[PDB]
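Just one chain is shown here, as structure tokens, and it is the form deposited without its partner chain.
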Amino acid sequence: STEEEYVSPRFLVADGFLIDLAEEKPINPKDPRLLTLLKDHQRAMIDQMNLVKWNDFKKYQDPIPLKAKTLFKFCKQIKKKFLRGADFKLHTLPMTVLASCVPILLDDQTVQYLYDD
């Protein structure tokens, strides 16, 4: 869903992502440290929310376009250089642009990037 969802005072869901409001970044819903950080009931609410599975990003060679409504309001951004492709979207550097982007760390220690489509 698009609508913002309460999990705890520290944790919010927006645009398919769970956001750590204290660190101002998304966190993988399957991050092992949510066992400490959230109670059972709160983790159970997250399972009922159909969030983006971060494992699906593993293959992606390009940064990730999101038709987001609110996510970028809560997350620290950096500016990164990308190729602007003829598909009008961003592609990794081997026409360039700088984009405000949200870095995310994956299971295997790869860095991906969410940007606002």
The other form holds:
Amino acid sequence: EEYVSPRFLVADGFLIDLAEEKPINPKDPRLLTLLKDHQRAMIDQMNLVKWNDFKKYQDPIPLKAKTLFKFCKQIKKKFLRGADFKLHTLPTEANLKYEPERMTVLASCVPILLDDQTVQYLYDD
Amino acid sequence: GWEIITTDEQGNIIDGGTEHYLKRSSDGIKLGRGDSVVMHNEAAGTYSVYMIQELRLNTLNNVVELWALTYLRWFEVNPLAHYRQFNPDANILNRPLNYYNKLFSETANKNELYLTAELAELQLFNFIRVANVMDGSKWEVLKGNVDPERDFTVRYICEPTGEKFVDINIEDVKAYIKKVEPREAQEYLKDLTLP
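Please move on to the form deposited with its partner chain bound, as the form deposited without its partner chain is already shown.
Full assembly next; the chain just shown is listed first.
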């Protein structure tokens, strides 16, 4: 937990924008406008989750990130819940394969807009 | 989808040959000198609030310039400058700079604005809604019934850098802004924060 400015919280390898109550890509160009030198320096020494590792994950992303879920606005989204309680993306069409143990669920999550306009979802497992 | 309405000191003047305000066709939102507006701020990645300071009709153009005074939101405060000012034995500190960030972020009223003397041109297509900006007393009235998206309180004018806080009566500022010449108004509010 590091408050690198009054707006920006670093916690659990995430940069949290406390005005928007939402995580920000540490590589977001907008930070070139918002951060002071010493604050950018702090973040670079800080070892953060790379948002690119998210790009071709097909299901939502489970996290242990207590601070992130505490300080971020959450939406409820339709998912398939497995027997182990991991969430999976709903197929927007017939999938055919017998999966009696997977069921539709409205789950709380944190949307993140990825680099390439792809939307991902973080939730605590 | 906004109209221009010009009036003398009271009644409207027709188009065929003095205060200006804007009216929205949809509902009837009126915007003029003294009103506060919540504005989309694409560069900041979050919204801003301003008090309208002049609806300059730009005959230069046949177009309308909406000039406003910029509010600071809580996260734009200089938390060290704020602390040092309000704790005089806190110009001799001993804490980390990030402790002051945590302290301010954690105890500030996130719907307290701080007036500044800095003008912005506002574009109507960025308008989100009217701000309800009240003084510290009017804010005690509403405590458990405020809408965090419209309702705001002001205690201070300060410098755009988020320091040098000076107690103001905001309701008195609205009435001042809608009375005197814009140039005089801004220059006076600019002097309020200087030694």
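Positions refer to the first chain, counted from 1. Here the rigid core means the biggest group of C-alpha atoms that line up within 1.5 Å when the two forms are laid on top of each other.
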| task | Any chance you could measure the C-alpha shift of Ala14 between the two forms with the core superposed, in Å? | result | 1.3
| What is the magnitude, in angstrom, of the C-alpha shift at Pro29 between the two forms when the rigid core serves as the superposition reference? | 0.2
| task | For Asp87, tell me the Cα shift between the two forms once the rigid core is superposed, in Å to one decimal. | result | 3.9
